[PDB]
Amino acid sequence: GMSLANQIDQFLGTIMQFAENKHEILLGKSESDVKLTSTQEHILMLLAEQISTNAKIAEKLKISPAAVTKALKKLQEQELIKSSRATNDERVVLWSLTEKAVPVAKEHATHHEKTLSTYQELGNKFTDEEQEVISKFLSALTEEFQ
């Protein structure tokens, strides 16, 4: 009392509320208009790190060529990325950020960093043995929502 079952129920309620109208669960971020899909945001983060081919994007983000094609089309339309030709091979297209996209990618990277660091700091309050309990709990609970 409160029972753990009820605590779990209430926790999931909290998460549902926070998640409403969002593409991703991210902390330290102000409410705003959803401009880009998560895949689009993640392509921009990848390109901030390395100019990349369609193939490399699919590989890194673990998504299909169709998904990559769709996201790139939208990003290019919004003038957030630009294509170029690989000097080694005339057939190979590379993608890079436009200046417009630089702060967009930086902002999204920051949101992920803040979110992960928040979870890390929380986890750091628990010993390995306790983290194992939490991990087993999360794994089991995850199975219920498949």
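Residue numbers count along the first chain shown, from 1. We call the rigid core whatever largest set of C-alpha positions still superposes within 1.5 Å between the two forms. First, how it differs from the form deposited in another entry.
- For residue 106, the Cα coordinates differ by under 2 angstroms between these two forms after the core has been superposed.
- After superposing the rigid core, the C-alpha of residue 56 moves by less than 2 Å between these two forms.
- Core-superposed comparison between these two forms: CA of residue 26 displaced by 2 Å or more.
Which structure goes with the form deposited in another entry, now that we have seen the form deposited in one PDB entry?
The text that comes after this line covers the one chain and nothing more.
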């Protein structure tokens, strides 16, 4: 049962489980003590980079604006982000981090890198020629999900 097709399926199935019911894949658990949802972390990492609106965050994360609304209303209660109002001739509602939020931001940021580093640890382990064969595979499959 070592078939290639079955080898793929079993590895899609394997990742579904590992992810549990979250929507992102990282290695190890969060440095902060079981603080927020991954999606709530990731949003804070985005806000550190650049402050934004509901619809922007929705697109970055490929989730609905209702989902973003709820995430933000939570992040707010944890006094982790502030709104801006539409007060001035601005009319835009902009959400930025709070002092309390930058530590966790860096926590999540780095946590994404470690995971990448590991992939990178897994990466160079093949020969350069072997690598570009992978890259052509990934690309073929990813297209099957489009």
